[PDB]
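The complex is shown incomplete by one protein chain, all other protein chains being positioned as in the whole.
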Amino acid sequence: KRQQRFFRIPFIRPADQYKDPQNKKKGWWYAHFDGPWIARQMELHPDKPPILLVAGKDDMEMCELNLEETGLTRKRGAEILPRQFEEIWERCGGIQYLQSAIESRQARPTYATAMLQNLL
Amino acid sequence: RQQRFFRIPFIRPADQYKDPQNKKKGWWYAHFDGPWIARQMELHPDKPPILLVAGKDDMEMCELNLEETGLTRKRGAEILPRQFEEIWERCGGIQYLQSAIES
Amino acid sequence: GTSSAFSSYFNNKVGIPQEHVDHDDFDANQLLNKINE
Partner (left out) sequence: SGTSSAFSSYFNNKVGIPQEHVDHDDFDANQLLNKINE
């Protein structure tokens, strides 16, 4: 519970990189690190469905760097409370997504899988 | 115990009806050690910061335990440890805590 | 919000409470309201 750390990075599309403010459509990237390694990754996009990614199943798509090598703990305003991650995760259908990666046996065991399995 | 941190921005009543730019904000912070308040910190716009540690400063601190404050139910109130600690340090908090232990 | 005991404590001992703004919490949730509509 104390080794669990949560980060958020607002972003804009590289296509809107050099446009005026009113044309920069914002999304948000989220990561849940279980100790050094990302257990859950989540992306809110302005123009497509949310992307949900869990360790094991989605390893090739997710951030590959550990917490120390991301530098996120050194980026001011990046860190968020657990609740700020979970509220979004839940609204995006993250529980059904994680549960499905467990049952299909694609998910790597993490603090996140343990918490869901405790519920079920 | 779970360590939880809370921040409430504030203004003096004298500033209540002023333009947003002329409202001089202060900030109130609490560190709860489980249900018990451990540290209280108040950043004031016109007077020195107030640092309070449980044990030494109990009569000056919020007497309510975490559940009876409702701070866990106020959107925006909860902060990360570093948002409390950065300010605590800058106010002389580490020596204040160290000197409190001896006395 | 906070309890009536805390609001009473705060207004009497500290001052008038102001809002904390998080544009990223607000905007992310507005976006999801649209997606989930």
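We call the chains A, B and C, going by the order they appear; numbering starts again at 1 in every chain.
Note that a contact is a pair of C-beta atoms (placed from the backbone, for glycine too) under 8 Å apart; a residue touches a chain by one contact, two chains touch by 3 or more.
Asker: Just to verify: which one of A:72, A:88 or A:92 makes contact with the chain not shown?
Answerer: Selected residue, touching the omitted chain: A:72.
Asker: Mind pulling the chain B residues that touch the left-out chain?
Answerer: Where chain B meets the chain not shown: residues 7, 9, 25, 27, 43, 45, 48-49, 83, 86-87, 90-91.
Asker: State which residues belonging to chain A touch the missing partner chain.
Answerer: Here the touching residues of chain A are 8-14, 16-17, 26-27, 29, 43, 63-65, 69-72, 74-78.
Asker: Even though one chain is hidden, which residues of chain C still touch it in the full complex?
Answerer: 20-24
In this text, only the chains that are shown with their structure count from here on.
Asker: So how far apart, in whole Å, are chain B and chain C when each is placed at the average of its C-alpha atoms?
Answerer: Distance between chain centres: 17 Å.
Asker: Measuring centre to centre with CA averages, how many angstrom lie between chain A and chain B?
Answerer: Inter-chain centre distance comes to 31 Å.
Asker: Touching two or more other chains, which residues of chain A qualify?
Answerer: In chain A, no residue touches two or more other chains.
Asker: Which parts of chain C, given as residue numbers and ranges, touch two or more other chains?
Answerer: Not one residue in chain C touches at least two other chains.
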